[PDB]
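Here we show just some of the chains, and they stay where they sit in the whole.
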Amino acid sequence: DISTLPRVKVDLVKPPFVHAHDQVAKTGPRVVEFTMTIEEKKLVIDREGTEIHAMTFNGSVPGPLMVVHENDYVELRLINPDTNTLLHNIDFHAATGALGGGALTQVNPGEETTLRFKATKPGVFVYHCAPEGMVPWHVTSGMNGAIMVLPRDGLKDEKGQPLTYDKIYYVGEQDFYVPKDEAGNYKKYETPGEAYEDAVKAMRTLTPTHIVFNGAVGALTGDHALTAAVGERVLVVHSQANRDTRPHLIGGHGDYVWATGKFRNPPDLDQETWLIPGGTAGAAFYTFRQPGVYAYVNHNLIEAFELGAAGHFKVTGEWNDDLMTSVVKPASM
Amino acid sequence: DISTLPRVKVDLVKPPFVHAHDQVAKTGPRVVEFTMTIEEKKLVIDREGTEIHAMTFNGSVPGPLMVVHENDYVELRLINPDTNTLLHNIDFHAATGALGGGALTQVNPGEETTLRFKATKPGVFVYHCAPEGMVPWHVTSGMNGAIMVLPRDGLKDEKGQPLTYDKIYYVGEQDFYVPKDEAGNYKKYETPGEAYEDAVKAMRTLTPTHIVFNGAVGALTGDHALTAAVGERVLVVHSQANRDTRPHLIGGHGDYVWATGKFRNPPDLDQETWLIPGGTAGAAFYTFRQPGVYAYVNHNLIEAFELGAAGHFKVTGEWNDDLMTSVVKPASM
């Protein structure tokens, strides 16, 4: 009887950051309440000034990471303000029934709805907008995120022993298909409806123009680099709603990886690179052992370094010469 | 001594349906006999009327699913009637030797052959035509299917306990490369030989024009939707002979998934989406818990909803509000 369970209201945070939560559940099952507001907005995605009409959950690409525990109830209030122009909804891959919620959450501008579902399966899952006849257009305009359903006793390794992360980050990888003129320049539009017909043609090539983390080329670099220290245990959650990716931490590894993201499965160990299929979220656990700059990339290196799928970690601490050292520095023969 | 084993003649059925068989073997090893007739035919693949010269096993794309048990002998009679125009053969990925049978099964129009092989490995496997110098052309004209080799004691879960399906369906996913004129319209040809030179150029782009289940856009929709009831255990076998796919059941999950399709391996649990590599068959097991319409898709959503890789399940039974419910229906703020 859902009437009698405890409730908790959670306020979401902007990716790559994740809202506060407990790894090991301290309470019994709860109704966890979230609110998202849909926001259509112009977004600049590269250094040359390319602009698109992004379609967002809560103003970000990706939308925010939600965190609950197995057998919690997720109650989402979804608001589509009358400043928007399109119909939207939400499909949770974590949910059972009604196209993941999409059939029950159709809201025109000016409408809201509240959905509840039971988180019966632990893992990281994609959520995304999926309106009938316009699914890939909404998804590839940035209208996707992820939800994590932790086991009630937290993460465990391949031998059933506890794994505990010190930091968690969320990297949402987005494939964009920006329309082009005859010469190859990107087009601009005053409204999303205006872009629709060209967008469909651009999607059919199956060749993205940009592939980005956190909504833009270089978004997770410079001062927006991810941070950690030597000895810290980091969980990196990574989603791709539409297209396969192959993450890789340059200078590191995935010590424990759930590539398809479902925690009842034992993790893969010692991965250099792993495949996250389009429509899936994965998680990798790593303990940093060396300081410095790491790159975190889709290891199609054209996708990484030419089209934008590359971020950084800045890691502090002491260098360990036993793991690696320069015996003879670059010099003349 | 093969002379002394029992024999059984099996008559194949049209996909997505599967011929009758036992899950748990009731007899010892047998010689299981199948006959396939090759058929080159015009096929209409989309709603706009696009036409190709399909190359088929038994008149369908995909060719039919064969079902045997580990350590059975498969004896296939393969007939290439003189109404066809090309040389064909068959390569079973389930078989050991002679390029999977391809080197022993070359039949010109007007010829037949009979191959026997031992099913030494349990799993779902691709079979396809593979004539020397023309392999991708035959495969991508629809000349592929699958065979399932069940363990003698049936399917089992990750803990070694029996899994029993109530219904089984076969979804053969096909990538097509239809040649185009300068403006982008699809070309028509009077014969397959006539299409050959353009077909090779269209294949080299690596960009399909259509990706379909069961041979056509919308083939598994409307009245040809797959059916089940709440509480039924369904096995979905899925093959792709040429190209990676990532199936996903919208509103559901793969409770137990053998993504690369080999049953000596434990299944992956609770998958939202899984990768079936090109040249592979996979199987997913799901117990339906909610009624309604489900979509079954390749979760590259451009491939699904723009190029044709999308089917439906119509599921009957009672809605369960504990799993999902609309708390506040879409309405004005």
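When the chains are written out, they are named A and B in that same order, and each has its own residue count from 1.
In this section, a residue touches a chain if its C-beta (ideal position, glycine included) is under 8 Å from a C-beta of that chain, and two chains touch if they have at least 3 such contacts.
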### Per this structure file, total copies of the shared sequence (2 shown)
3
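In this section, only the chains that are shown with their structure count from here on.
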### Length of the line joining the C-alpha centres of subunit A and subunit B, rounded to whole Å
32
#### Entry: Touching residues (chain side subunit B, partner subunit A) in the complex
207, 244, 246, 248, 250-253, 268-275, 289-290, 292-295, 299-307, 319-320, 322-333
### Message
Considering only the defined contacts, which subunit A positions touch subunit B in the complex?
### Response
2, 75, 77, 79, 81-82, 91, 93-108, 110-118, 120-123, 125-126, 130, 135-136, 139-140, 200, 203-207, 241-244, 260-262, 264-265, 275, 277-281
